[PDB]
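Number of protein chains: 2
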Amino acid sequence: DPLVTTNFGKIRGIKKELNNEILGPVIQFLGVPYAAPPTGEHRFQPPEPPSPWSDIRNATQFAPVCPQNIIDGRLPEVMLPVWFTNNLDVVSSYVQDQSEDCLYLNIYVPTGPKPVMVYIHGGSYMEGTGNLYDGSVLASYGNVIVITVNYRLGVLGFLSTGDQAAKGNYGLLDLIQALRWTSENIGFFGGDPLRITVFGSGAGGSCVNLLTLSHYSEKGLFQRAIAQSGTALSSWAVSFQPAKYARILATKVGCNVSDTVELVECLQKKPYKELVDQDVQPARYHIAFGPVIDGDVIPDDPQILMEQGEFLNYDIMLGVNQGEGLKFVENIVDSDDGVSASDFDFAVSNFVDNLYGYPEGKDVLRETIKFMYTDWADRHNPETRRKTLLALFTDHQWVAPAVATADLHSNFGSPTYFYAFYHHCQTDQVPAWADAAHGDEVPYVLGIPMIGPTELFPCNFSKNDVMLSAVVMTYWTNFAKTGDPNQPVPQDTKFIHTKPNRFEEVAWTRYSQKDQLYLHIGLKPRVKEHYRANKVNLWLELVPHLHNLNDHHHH
Amino acid sequence: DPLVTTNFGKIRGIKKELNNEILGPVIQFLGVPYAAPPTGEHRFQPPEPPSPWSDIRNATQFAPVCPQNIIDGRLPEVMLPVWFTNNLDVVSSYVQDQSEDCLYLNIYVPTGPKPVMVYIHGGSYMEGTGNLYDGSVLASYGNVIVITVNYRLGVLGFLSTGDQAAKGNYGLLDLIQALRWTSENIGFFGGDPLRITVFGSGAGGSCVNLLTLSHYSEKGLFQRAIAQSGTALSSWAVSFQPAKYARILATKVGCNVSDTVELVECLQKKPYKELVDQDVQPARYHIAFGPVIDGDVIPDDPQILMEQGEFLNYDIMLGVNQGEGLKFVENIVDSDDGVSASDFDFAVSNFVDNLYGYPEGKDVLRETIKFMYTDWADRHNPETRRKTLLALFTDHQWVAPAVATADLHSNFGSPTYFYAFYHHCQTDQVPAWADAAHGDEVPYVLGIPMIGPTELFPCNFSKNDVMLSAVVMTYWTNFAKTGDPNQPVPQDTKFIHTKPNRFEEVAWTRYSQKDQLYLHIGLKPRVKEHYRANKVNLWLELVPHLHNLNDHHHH
Ligand SMILES: *[C@@H]1O[C@H](CO)[C@@H](O)[C@H](O)[C@H]1NC(C)=O
Ligand SMILES: *[C@@H]1O[C@H](CO)[C@@H](O)[C@H](O)[C@H]1NC(C)=O
Ligand SMILES: *[C@@H]1O[C@H](CO)[C@@H](O)[C@H](O)[C@H]1NC(C)=O
Ligand SMILES: *[C@@H]1O[C@H](CO)[C@@H](O)[C@H](O)[C@H]1NC(C)=O
Ligand code: NI
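Chains C and A are the protein sequences, given in the same order.
For reference, each letter of the first sequence is one residue, going 52 to 162, 191 to 297, 306 to 642 in PDB author numbering.
For reference, each letter of the second sequence is one residue, going 52 to 162, 191 to 297, 306 to 642 in PDB author numbering.
Check before you lean on any hint, since a few could be wrong.
Which copy is meant is left open, so a pair is good if it fits within one copy or across any two.
Stated by the list, open to error - In silico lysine to any residue, SDA-like type, Cα no more than 20 Å apart, as pairs: (1) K550 x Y509; (2) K449 x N637; (3) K449 x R108; (4) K615 x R466; (5) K360 x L320; (6) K457 x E628; (7) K61 x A114; (8) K331 x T471; (9) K581 x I73.
Hint data in this document are derived by calculation from the structure and do not stem from the laboratory.
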């Protein structure tokens with residue numbers, strides 16, 4: 052009978068055996084309230100502490116998830132993890148039970192104080208749940224406590240009128256409240272509040288970075312951050328026109344009045360289902376509801392905050408996957424796995440126009456970008472065209488921003504580590520020609536290969552996948568334990584790996600803007616330098632110069 | 052007693068043994084007049100046939116060379132072959148005996192009709208002599224007749240008033256006259272007038288290409312062309328402001344009168360040395376005296392003629408050397424063999440402004456070129472900077488023009504072959520870090536390694552140099568024999584090679600604009616595709632687009 056007494060009352064967890072003969076069991080505390088329900092007058096308001104209870108509260112099953120709709124095709128596939136979009140039937144079972152009363156977290160405890196890794200999920204800020212990420216294997220394997228969190232999503236978590244009526248960022252404030260709850264109560268579970276690492280993939284990674292830029296993350308709250316395939320600098324990390332979308336939403340539900348306070352009060356009267364089901368489309372590659380620059384939680388544009396080093400110095404780990412942008416080209420690839428020269432020019436031109444605006448003069452940007460992403464040493468290959476087009480989207484939305492983020496963190500003294508993920512397990516839902524796509528590193532970080540194929544992750548993981556997952560978890564948990572991916576657990580070959588550990592002699596060197604060393608995570612691992620340096624510098628150095636040659640405007 | 056009766060009279064040659072035990076001797080006919088002396092009223096006039104003689108004329112020693120000055124530092128080192136500029140003391144001995152009466156050619160005959196290879200020398204159109212190129216080894220080894228030619232140089236060979244007073248191109252007309260003489264008389268020496276191949280390096284290669292664009296090269308005159316490191320499309324292949332320089336020269340010698348006919352008549356009265364010794368400097372990277380677009384010999388801009396396929400369909404072979412542009416950077420390299428970021432920016436910017444003119448608006452060209460030639464994967468390496476800067480000059484002045492030439496020839500049906508020369512023998516006069524420079528292929532084509540170091544080519548040639556020279560001569564002479572570098576002599580290993588022939592299994596595939604297959608000539612030979620495709624397309628496609636973004640002007 053796993054009982055723990057927290058500052059709010061006694062809680063009962065549940066022991067769970069893992070589907071691996073080597074891994075020990077864990078104790079799970081599911082559906083733990085970390086804040087009061089954000090309902091009634093508390094909708095569109097910062098989270099309040101949870102109410103205490105006098106008996107023993109059971110935490111043996113997941114609590115309802117935050118309101119969302121993932122079955123009507125409103126989800127931006129180019130932004131969400133492929134494992135999620137390709138397995139909607141299973142994902143749906145995890146979010147079938149919903150409620151506005153959804154501020155709960157899950158704790159996985161292995162059977191001195193242990194490091195705590197807090198996972199922040201996120202695809203587009205509109206959907207998901209930490210419940211989708213089983214932290215059992217990571218906890219048991221790395222001997223760390225793993226926590227998954229549910230924070231307010233979409234409209235309920237991010238609506239903002241651009242003024243005092245609704246300041247936005249409720250979902251981020253929930254994450255901060257979950258971190259405060261953890262800091263104050265995890266010791267009761269055997270956790271170390273002085274060694275808290277927050278990690279997340281995709282929009283979850285964006286959340287991680289945004290938290291490091293907020294003064295609400297007081306010194307000492309958490310110590311390290313791991314942002315996988317997600318930054319605060321991408322076009323879809325922040326909502327820059329919140330008021331516009333708040334009013335479009337209001338108009339659709341019959342609440343669009345002149346006064347913003349009355350508008351919000353009206354929205355607070357609506358059944359949450361009504362707000363969630365409306366179709367509010369943002370510009371392509373951008374978001375409608377999400378983090379906003381309120382001047383308080385998020386003090387200014389993240390780019391400015393980063394350039395000016397407006398963040399505490401956490402230990403930082405970040406990276407990207409070889410082929411993040413799969414969904415960007417998957418639909419235009421012909422039956423021969425190739426992309427035509429015409430589809431290529433069309434795709435590149437439209438992407439540039441949406442991100443940089445239409446030129447009011449003679450174009451130079453589109454012409455230059457098409458030239459740069461054309462393999463002149465093999466310009467006739469339709470498959471190579473597919474590859475370079477995919478690389479363009481990957482470089483622009485993930486690689487460039489990640490490098491810009493790494494450069495600034497190291498420049499300002501944050502111990503930084505960078506990785507490029509070049510491995511994955513292909514399911515029957517992904518093209519045979521595809522490389523690791525957005526979200527593909529998640530199963531490895533969570534140790535799914537160690538417990539075999541699951542409903543959520545059905546790929547038939549190989550022994551090499553198990554070995555690689557073990558390697559990744561060792562680096563990730565070493566980082567959680569010391570802020571150094573190499574300490575204290577060496578990369579050795581043990582029965583758990585099932586195959587020789589190919590990283591035995593690979594020390595993950597710290598990243599610096601000068602050498603830019605990074606870990607190439609794959610079956611042929613090694614530390615390399617200047618990840619895709621040519622394309623990264625094209626986007627960060629040359630393009631801005633060319634962009635300023637003309638006046639541009641959007642629509 | 053080597054006697055031959057030509058259409059103009061009997062000529063006596065001289066037998067010559069070669070410094071190689073395997074090679075047979077050759078009969079040399081040196082100083083054979085192929086035209087009448089272009090003196091008096093014949094200065095600045097097309098060449099006339101030579102006068103016949105009734106006795107036996109001796110052709111056992113070189114005739115005086117055409118007027119020139121190579122000792123006062125007026126020679127543009129960036130344009131001339133390195134072996135020439137680095138060994139002026141020896142070169143000077145070959146041009147010490149000069150005369151305006153200089154239209155003579157040299158014939159090398161091996162001891191059915193044999194193919195004839197006519198070598199056209201040329202550094203900047205102002206200096207040199209075919210006498211510098213001993214065709215003995217090529218003739219003996221390949222069993223072909225080799226001819227070297229002396230044509231009018233500099234002022235005497237190319238002065239033009241831009242009108243009828245002096246139409247220019249006298250030196251080119253001399254080459255045509257030498258080819259006509261060869262066509263009509265080489266059979267008397269055992270040569271085949273139906274298999275005449277013209278070849279040349281540097282400005283000599285430019286001459287070769289210009290001849291293919293002239294209507295004066297009537306169908307049947309010659310059948311094949313080999314242009315080594317030289318085209319008719321480079322900035323220094325043609326003189327575009329002839330009148331301007333004709334008048335600057337006239338002013339310097341006291342002949343600048345208003346009437347162009349009177350100006351020319353005055354120049355015709357001057358001692359040739361007076362015209363040769365004047366310092367007439369053209370714009371950097373351009374020429375003052377050289378081929379001009381007269382609308383007759385050269386009907387229009389070579390670029391236009393090439394785009395429109397205005398040339399007969401010859402068998403063509405063309406190529407470039409790995410590091411042509413050595414002299415462009417050699418002087419700015421520090422004692423550490425590197426180039427600073429500042430010197431790099433300065434060199435690139437100045438080169439671009441000279442070739443493209445100064446922009447009258449915000450620059451885009453300089454910024455883009457600097458970005459393209461920066462190795463972002465090793466941006467801190469000063470030696471890499473040296474290499475990329477050298478590559479920039481090489482790509483622009485030699486590679487791009489050669490590829491443009493090859494593409495057009497193949498597009499219009501000319502059987503085309505392309506090579507990249509990646510081997511050389513370093514003398515103690517060139518930097519240890521340098522790769523094959525401009526003119527470095529000459530010793531190999533001429534078989535110099537077979538006879539050991541010479542006064543002109545003092546490098547201590549290795550066994551591999553001998554082997555490679557043998558390989559090159561086989562490809563070149565096979566081309567002369569059949570128009571196909573692979574027939575009829577196979578690339579086998581014989582005692583003459585001294586080392587195993589590394590090209591035994593390397594068939595030189597024909598070049599096409601689609602596959603752009605070329606022969607990589609080096610110690611690790613093989614046919615490759617799309618030589619430096621990225622940089623070539625940058626210059627041929629992207630740059631022209633960026634150039635048109637602004638109005639540009641020169642000074
Ligand atoms: C809590 O769980 C216990 C053990 O399964 C059960 O007996 C009880 O009915 C549940 N509800 C509570 C909190 O009493
Ligand atoms: C909501 O009302 C305001 C003021 O009446 C108006 O400006 C706005 O367009 C309306 N919202 C929309 C987009 O329909
Ligand atoms: C030509 O060469 C021959 C043989 O060396 C020599 O006898 C003669 O004097 C030379 N002069 C001429 C033109 O006969
Ligand atoms: C030569 O004379 C002409 C006309 O008298 C003049 O235009 C030209 O500038 C003179 N040549 C030079 C460049 O000195
Ligand atoms: Ni000017």
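Against the structure, the hints come out as follows:
{"no.": "1", "hint": "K550 x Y509", "result": "within (17 Å within a copy, 46 Å between copies)"}
{"no.": "2", "hint": "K449 x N637", "result": "both (8 Å within a copy, 10 Å between copies)"}
{"no.": "3", "hint": "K449 x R108", "result": "neither (67 Å within a copy, 69 Å between copies)"}
{"no.": "4", "hint": "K615 x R466", "result": "between (28 Å within a copy, 15 Å between copies)"}
{"no.": "5", "hint": "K360 x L320", "result": "neither (31 Å within a copy, 71 Å between copies)"}
{"no.": "6", "hint": "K457 x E628", "result": "both (17 Å within a copy, 12 Å between copies)"}
{"no.": "7", "hint": "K61 x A114", "result": "within (17 Å within a copy, 112 Å between copies)"}
{"no.": "8", "hint": "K331 x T471", "result": "neither (41 Å within a copy, 51 Å between copies)"}
{"no.": "9", "hint": "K581 x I73", "result": "within (11 Å within a copy, 68 Å between copies)"}
Consistency note: the structure conflicts with the earlier hints numbered 3, 5 and 8.
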